[PDB]
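Visitor: Below are the chains, spelled out letter by letter.
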Amino acid sequence: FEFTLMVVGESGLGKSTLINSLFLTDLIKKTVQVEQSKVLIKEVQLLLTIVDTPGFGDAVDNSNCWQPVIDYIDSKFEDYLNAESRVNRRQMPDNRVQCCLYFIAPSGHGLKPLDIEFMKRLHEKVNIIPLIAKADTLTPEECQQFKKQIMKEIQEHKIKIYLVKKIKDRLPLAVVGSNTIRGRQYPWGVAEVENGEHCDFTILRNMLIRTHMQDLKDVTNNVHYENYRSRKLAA
Amino acid sequence: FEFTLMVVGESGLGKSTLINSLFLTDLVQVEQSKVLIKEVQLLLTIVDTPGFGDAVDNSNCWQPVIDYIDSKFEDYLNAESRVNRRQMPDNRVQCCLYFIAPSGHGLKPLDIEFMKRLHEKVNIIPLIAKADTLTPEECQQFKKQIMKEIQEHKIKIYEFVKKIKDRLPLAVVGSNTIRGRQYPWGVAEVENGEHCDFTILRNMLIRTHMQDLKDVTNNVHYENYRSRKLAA
Ligand SMILES: Nc1nc2c(ncn2[C@@H]2O[C@H](COP(=O)(O)OP(=O)(O)O)[C@@H](O)[C@H]2O)c(=O)[nH]1
Ligand SMILES: Nc1nc2c(ncn2[C@@H]2O[C@H](COP(=O)(O)OP(=O)(O)O)[C@@H](O)[C@H]2O)c(=O)[nH]1
Numbered sequence: 030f031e032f033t034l035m036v037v038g039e040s041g042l043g044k045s046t047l048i049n050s051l052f053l054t055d056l068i069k070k071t072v073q074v075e076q077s078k079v080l081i082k083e086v087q088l089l090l091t092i093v094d095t096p097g098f099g100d101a102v103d104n105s106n107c108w109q110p111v112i113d114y115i116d117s118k119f120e121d122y123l124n125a126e127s128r129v130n131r132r133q134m135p136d137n138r139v140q141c142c143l144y145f146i147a148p149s150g151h152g153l154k155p156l157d158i159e160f161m162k163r164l165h166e167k168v169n170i171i172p173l174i175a176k177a178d179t180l181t182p183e184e185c186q187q188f189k190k191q192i193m194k195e196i197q198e199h200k201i202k203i204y217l218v219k220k221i222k223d224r225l226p227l228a229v230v231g232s233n234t235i244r245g246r247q248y249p250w251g252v253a254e255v256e257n258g259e260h261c262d263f264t265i266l267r268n269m270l271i272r273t274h275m276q277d278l279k280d281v282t283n284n285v286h287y288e289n290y291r292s293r294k295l296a297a
Numbered sequence: 030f031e032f033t034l035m036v037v038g039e040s041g042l043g044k045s046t047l048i049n050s051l052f053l054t055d056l072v073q074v075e076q077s078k079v080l081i082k083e086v087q088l089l090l091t092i093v094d095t096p097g098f099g100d101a102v103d104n105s106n107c108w109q110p111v112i113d114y115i116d117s118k119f120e121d122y123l124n125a126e127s128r129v130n131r132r133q134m135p136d137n138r139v140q141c142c143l144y145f146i147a148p149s150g151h152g153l154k155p156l157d158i159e160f161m162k163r164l165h166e167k168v169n170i171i172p173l174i175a176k177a178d179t180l181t182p183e184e185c186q187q188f189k190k191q192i193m194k195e196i197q198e199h200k201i202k203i204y205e206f218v219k220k221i222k223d224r225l226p227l228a229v230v231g232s233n234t235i244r245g246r247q248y249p250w251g252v253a254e255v256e257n258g259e260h261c262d263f264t265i266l267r268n269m270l271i272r273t274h275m276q277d278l279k280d281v282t283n284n285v286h287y288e289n290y291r292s293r294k295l296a297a
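So the protein sequences, as listed, match chains C and A. Residues 30 to 56, 68 to 83, 86 to 204, 217 to 235, 244 to 297, numbered by the deposited numbering, are exactly what the first sequence covers, in order. Residues 30 to 56, 72 to 83, 86 to 206, 218 to 235, 244 to 297, numbered by the deposited numbering, are exactly what the second sequence covers, in order.
It cannot be assumed that every hint is accurate.
To be verified - Derived DSS-like pairs: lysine-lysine, alpha-carbon spacing no greater than 25 Å straight-line: (1) C:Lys167 to C:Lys118; (2) C:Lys70 to A:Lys162; (3) C:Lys69 to A:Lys162; (4) C:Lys69 to A:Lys200.
Stated by the list, open to error - Which chain A residues stay away from chain C? Per the calculated CB distances, all over 10 Å, these: (5) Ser40; (6) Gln73; (7) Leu89; (8) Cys107; (9) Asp116; (10) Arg131; (11) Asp136; (12) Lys154; (13) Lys167; (14) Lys176; (15) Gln187; (16) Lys194; (17) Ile221; (18) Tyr248; (19) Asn289.
The set of hints was computed from the structure by calculation and includes no laboratory data. No residue lacks a Cβ here, since even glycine has one placed at the ideal position from N, Cα and C.
Throw the hints in and build the complete structure from the sequences for me.
Guide: Structure representation (structure tokens):
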């Protein structure tokens, strides 16, 4: 079972920490770059190509910093299109990005111009799961208000983001990534990762491992790839 | 007693909250708001920078700040050049609070570009905004990483006493109500030395340490501007 997961976000949002917490243990100029690392998990076979975006914030300039992401995604769509167009399609590789994790910087306030510009330009090319990075920065009052402010700005700009009722209620997911003994040690308290009262991490962790990836795999193949196919052949 | 304090930083770093905690109760473009405090007279013009992050583009987003600071230097220069200098106003920015986004890692290209371009025009106090985001281990490592990158790029931050130099740059948390922030696991106190460097910053202003900042701006920053604009 192969799966391609992309992570896009400003540097220092706990992106790499989240990956290490989702899957146990550890793992510039001129911008922007597109890199990938593969992870094999055995128990059951799991091929996991993780697409990093060594941009991205990050900061000045940032003009068309979404483009290298767009180029990579459409490149893999082009590869799949040319693969099934050949007379001898036998051993076909599938390197299309099934899922994309976008890390929104708190706070907050609303979505920053960069968050709007990326999501509005990538929502029809990849499955986007918006995440409030470093969720332990926000109080329960702020976290709730930040979610509603994001969701209203998503609807306003016509952005199409990707037990089911519990998922829609807590969108976008506020997440905290951590290691050791599991959470983060502050001199006043400890923020637990596997807690529902603390994080939406368990909601995200469940949304991947127990083969919800297959749903993401189907949407990418049936919607995102097919829209690319219809566009590049008509004109 | 008049004082001009500037605050520069990316939106959503708790800048406004810090001002409200430094001075009690509630409160690219360049805007300013005046605050009068009575007990002792305190005229406080707070220069906001409604930029700034924030994001794309950001090219020359430091320029409107530079333009404002040099404009006030120009006003002071033309004031003391006139034959009848009687009631002279002093609107020069005595201090600037720059909010560094955690984390961290090091300083972002924007943090470098601003500080290296404003350190000789204004007194810069670097601050690690929203300090409750970092653990004591991360907070200590983030400080050292910043200070080494300050020295590497030849940035001259306001360096004034031993307790102040030890904790540079100051990691601060701004809050209100009953004083700190309410998390479902713990509470981060503002007036605590174990938690914040807020008390170090609060003390560095209220008890007339502002007069030192006022002297450095007048004797160094303004005089360097004066020597530059007249020699050429
Ligand atoms: N407050 C907070 N800090 C975090 C979180 N995750 C990671 N960090 C810390 O942030 C720093 C940078 O994390 P990193 O994963 O490298 O960020 P990235 O470069 O965007 O992937 C590290 O010192 C982490 O300990 C989080 O969920 N909340
Ligand atoms: N974690 C944390 N949050 C803060 C802090 N200061 C303010 N906030 C929160 O961040 C949000 C934005 O703060 P604000 O002062 O408007 O940021 P500004 O735009 O940079 O001035 C508010 O909801 C505050 O409750 C802080 O020191 N730490």
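Visitor: So which hints don't hold here, by number, going up?
Guide: 5, 8, 12, 14, 18
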